[PDB]
Amino acid sequence: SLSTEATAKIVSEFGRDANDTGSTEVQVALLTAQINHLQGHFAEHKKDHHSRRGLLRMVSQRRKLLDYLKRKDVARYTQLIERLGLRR
Amino acid sequence: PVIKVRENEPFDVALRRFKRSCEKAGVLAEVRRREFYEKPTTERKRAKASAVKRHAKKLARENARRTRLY
Amino acid sequence: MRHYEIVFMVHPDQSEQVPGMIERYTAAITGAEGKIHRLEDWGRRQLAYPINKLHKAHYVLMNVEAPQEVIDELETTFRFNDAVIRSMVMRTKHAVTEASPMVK
Amino acid sequence: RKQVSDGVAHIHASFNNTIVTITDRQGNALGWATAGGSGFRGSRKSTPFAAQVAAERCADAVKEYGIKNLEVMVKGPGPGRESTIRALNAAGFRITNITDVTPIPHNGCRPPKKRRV
Amino acid sequence: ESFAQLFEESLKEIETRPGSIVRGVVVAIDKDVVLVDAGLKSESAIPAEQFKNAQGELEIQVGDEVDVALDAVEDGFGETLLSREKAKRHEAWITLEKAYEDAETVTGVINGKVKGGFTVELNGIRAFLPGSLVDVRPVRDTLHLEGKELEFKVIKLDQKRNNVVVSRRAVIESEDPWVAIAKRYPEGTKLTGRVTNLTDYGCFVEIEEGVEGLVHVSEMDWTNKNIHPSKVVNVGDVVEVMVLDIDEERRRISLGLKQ
Amino acid sequence: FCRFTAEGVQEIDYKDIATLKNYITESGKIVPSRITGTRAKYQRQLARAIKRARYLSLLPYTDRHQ
RNA sequence: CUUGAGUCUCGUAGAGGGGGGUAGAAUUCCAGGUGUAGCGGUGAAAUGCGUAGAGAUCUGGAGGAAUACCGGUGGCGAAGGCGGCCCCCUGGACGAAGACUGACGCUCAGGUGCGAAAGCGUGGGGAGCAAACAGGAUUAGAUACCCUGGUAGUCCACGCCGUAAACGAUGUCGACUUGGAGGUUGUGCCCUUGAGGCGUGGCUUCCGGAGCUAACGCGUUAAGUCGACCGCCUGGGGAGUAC
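Chains as they are written, first to last, in my numbering: chain L, 181 to 268; chain V, -2 to 67; chain C, -4 to 99; chain P, 539 to 655; chain R, 19 to 277; chain B, 2 to 67.
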């Protein structure tokens, strides 16, 4: 999993209040970081299917979040995707 | 089941003790079990079946007991 | 970083060498700003079964809060060192500073 | 032959045939006897009685060695297990230890398939 | 109203769970069944053998009051565990009374040791004590007139498992079961144990502070196989039993009774 | 009638050999939770400890082996 | 807006997954000692192995595979499945309080992935077991059952295959409707006066009420009472076959 400190850092940056944590953008960021982390793992361990399932799920969740953001508020979404470097 | 005959102990008694020890170990039983390969499925089946039987013995019979026979 | 608990068993003919080895091990741990919370020479001890043909061996317990690289290094050292017969580096949640039940 | 006071009796008890082997304490076999050797075949040699007589025979064979003390090591499942040791006792050795030495794997090799009868 | 609620907490306040409050009035006697009513959901099927004192005949007619015991409710229909155990608590209280003045005095008469301590009997009950407790010194009551009258001065008690060895004559003189399971061990230490349930292969006498003994069917008597242990001994009765075998590992202490 | 619940231990120790020895057979085997009456959670832990001990030659794998 | 859905904090149990180490038992083989005529096998035999010294027994070595006891109608996993011990990387679940986000949800044709065993490809490995095969029995025959051997395979790596009574023969998600006896894993209070007492959550085994059902049975984990979405059925054979 993502280390506590790292998570906190992520929250602080993206979250407006820094105590917020549940902001859509923040959540997305958290997901994204985790995904990035797991890439390294999965390069090594290609047959770790069970673990990869979780990763896939996370990705899906992130996508959903992004979609939600888009309909609600476009500018914010755009900003987020610039920050994280998500192609979509 | 390692055993040592005590000082002024009878042979028969010693033998009995040994037998008891063996029984406790469940060595013979173990041997019997490992004589032939049991398919995993079969093993599972026996275990569950046995459990079921045990359950039946415990509860249904208890219920029966409440009512007198004659 | 991560609180390990190590128990290694030295060959009984190398019992006089043990302290030096222990010192060396400690030193390495210290090097990477690693703490060593307890350390207990259990001494010569009768084995429950004869490992590598010998019936006694010299047990050393050692608890360490160290980074994993150093642990790895230690393990490697153990594996190649022929004095140490068995080892058992073993993770732990806390520091566990209080003494072992066989020392007490 | 060198006489020896103390030794081991190994009792290999199979389902089909009992084998009794008297040896010195170090491992070197002194004598042996079997239920198949004692004049029993098939149905007969897979019995306690047969085992007993094998044991007796074995005992007789190691008379010249002059063995007084004896520790017994019993191996395998069979009829010739209790009976054999009794026989040995009768034959007149001081039975010192009675050990079980059945090879029990800790789940190792796959046994052969189950018979369809 | 709250009359009933208050009456309920009142009736809670004026009863307790064990055999403590001597409340059941004996409302029918018939051999071989006594029956009381201690303010419980049903009447006890009492044996007659929890109520005859020391020579075999009954002592209590209608209206008489002994407490029983509790904490076990409904086996189908009925209510209690027996009042005789009740009595054990009273015995415990008298034994405890010693502590106050460092000397409990009654009568103790101990002729011999089943398991290394003379047996002492107080009133109806007889207890077994470790070998030292019977005599203050090396006097030995074997030379004393048989079943002699003294008291009991306590030598040793085991505090969990109930074994008490007490001091005859010499008036002037004044986890847990299984680690150290070597006390009643050595080959044949006789014990006094109440049987619990006889499982048609067994009898399950088990007394010595949270253990389990069997005395299964083979000994029990001097007939082997046709015996059926319910016919031959009892239910709930303190008997002659000793260990014959302990495994401290697969907690099976295998006692005997043919001795 | 579990010991570890009453003692209230956080984790069973493989080094505490004496304690382990109560739960191991004369033949070396780990004793069932039916017989000892150990709680399930603790039982597993105990087993693990025993295994560890066996690896460290503190307890024997079996009575016969040498 | 916060009740659904999710995020954060601290713990919890776990054969969940991937990778790398290691331990002990047992089988097999090799070398040697002791020893002497049987061993083995079956219903009974024989083939087979044995005086070229087997079987038995002890010492030393090699190598592979699997993990006794714990172990449980126990646990984890979407299913397939997962079991010695240790470490590294890693996914999920649950509880405790709070704090936050503010319907972000449910279902899903096509699509994508994972998917026992056997099977295939290339390269390794090969102890035991064993399709095929051989011999010995049995038998009217015995291309079987039983016995003695025994090769693919089982094991590892990386690909493919894409099916199983892949079953709870029971799609997924949500809500609601009497009870009892357990198991397991949290957690709040309570004199833990003791292994307990009173709750409150998660997962789970059995019995049974109303209701439902052709009956059998299911029964708060529904096969009850309803809603949302999908999948599927339309007499047996021909056929899950042909093109």
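For the record, the hints were derived by calculation from the structure and aren't laboratory data.
Using N, Cα and C, we set each Cβ at its ideal position, and we do this for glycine too.
Any given hint might turn out to be false.
Unchecked claim - Cut-off 30 Å, straight-line C-alpha distance, at most; resulting in silico cross-link-like pairs (DSSO-like, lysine-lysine):
id: 1; chain 1: V; residue 1: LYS21; chain 2: R; residue 2: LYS116
id: 2; chain 1: B; residue 1: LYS30; chain 2: V; residue 2: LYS36
id: 3; chain 1: B; residue 1: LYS52; chain 2: V; residue 2: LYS55
id: 4; chain 1: V; residue 1: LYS16; chain 2: P; residue 2: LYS606
id: 5; chain 1: V; residue 1: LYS1; chain 2: R; residue 2: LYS104
id: 6; chain 1: C; residue 1: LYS48; chain 2: B; residue 2: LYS30
id: 7; chain 1: V; residue 1: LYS1; chain 2: C; residue 2: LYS30
id: 8; chain 1: P; residue 1: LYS613; chain 2: C; residue 2: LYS48
id: 9; chain 1: B; residue 1: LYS52; chain 2: R; residue 2: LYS208
id: 10; chain 1: V; residue 1: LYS16; chain 2: B; residue 2: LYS52
id: 11; chain 1: R; residue 1: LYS106; chain 2: R; residue 2: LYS116
id: 12; chain 1: C; residue 1: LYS51; chain 2: B; residue 2: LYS22
id: 13; chain 1: B; residue 1: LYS42; chain 2: B; residue 2: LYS52
id: 14; chain 1: R; residue 1: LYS131; chain 2: R; residue 2: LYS49
Stated by the list, open to error - Listed next, the stretches of chain R that the computed footprint assigns to chain B, with coverage defined by at least 3 CB atoms under 8 Å from CB atoms of chain B:
id: 15; stretch: 193 to 199
id: 16; stretch: 266 to 274
Evaluation of the provided hints:
Distance check on the hinted pair: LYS21 (chain V) and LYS116 (chain R) sit about 45 Å apart at the alpha-carbon level, beyond 30 Å; violated. With a C-alpha separation of about 25 Å, the suggested pairing of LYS30 (chain B) with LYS36 (chain V) holds against the 30 Å cut-off. Proximity of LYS52 (chain B) to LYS55 (chain V) is assessed by CA-CA distance (about 35 Å); at most 30 Å being required, the pair is judged violated. Distance restraint check for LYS16 (chain V) and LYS606 (chain P): the Cα-Cα separation of roughly 24 Å lies within the 30 Å cut-off, and the hinted pair is therefore satisfied.
Taken as a hint, the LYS1 (chain V) and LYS104 (chain R) pair is broken in the structure, with Cα atoms around 47 Å apart against an allowance of 30 Å. Note on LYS48 (chain C) and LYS30 (chain B): the hinted pairing holds, with a Cα-Cα distance of about 23 Å set against a maximum of 30 Å. Taken as a hint, the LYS1 (chain V) and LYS30 (chain C) pair is broken in the structure, with Cα atoms around 51 Å apart against an allowance of 30 Å. For a cut-off of 30 Å, the pair hint linking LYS613 (chain P) to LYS48 (chain C) stands: about 25 Å separates their Cα positions.
With a C-alpha separation of about 38 Å, the suggested pair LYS52 (chain B) and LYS208 (chain R) falls outside the 30 Å cut-off, and the hint is violated. The hinted pair formed by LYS16 (chain V) and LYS52 (chain B) meets the criterion: a straight-line CA distance of about 28 Å does not exceed 30 Å. Between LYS106 (chain R) and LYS116 (chain R) the CA atoms are separated by roughly 16 Å; this keeps the pair inside 30 Å, and the hint holds. For the proposed pair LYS51 (chain C) and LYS22 (chain B), the alpha carbon gap of about 20 Å is at most 30 Å, so the pair holds.
With a C-alpha separation of about 16 Å, the suggested pair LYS42 (chain B) and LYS52 (chain B) falls inside the 30 Å cut-off, and the hint holds. For the suggested pair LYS131 (chain R) and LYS49 (chain R), the alpha carbons sit about 36 Å apart, so the restraint of at most 30 Å is broken. Evaluation of the coverage hint for the stretch 193 to 199 of chain R: fulfilled, as 4 residues show C-beta separations to chain B shorter than 8 Å, against a requirement of three. Under the rule that three or more residues need a Cβ within less than 8 Å of chain B, the assignment of the stretch 266 to 274 of chain R holds, with 5 such residues.
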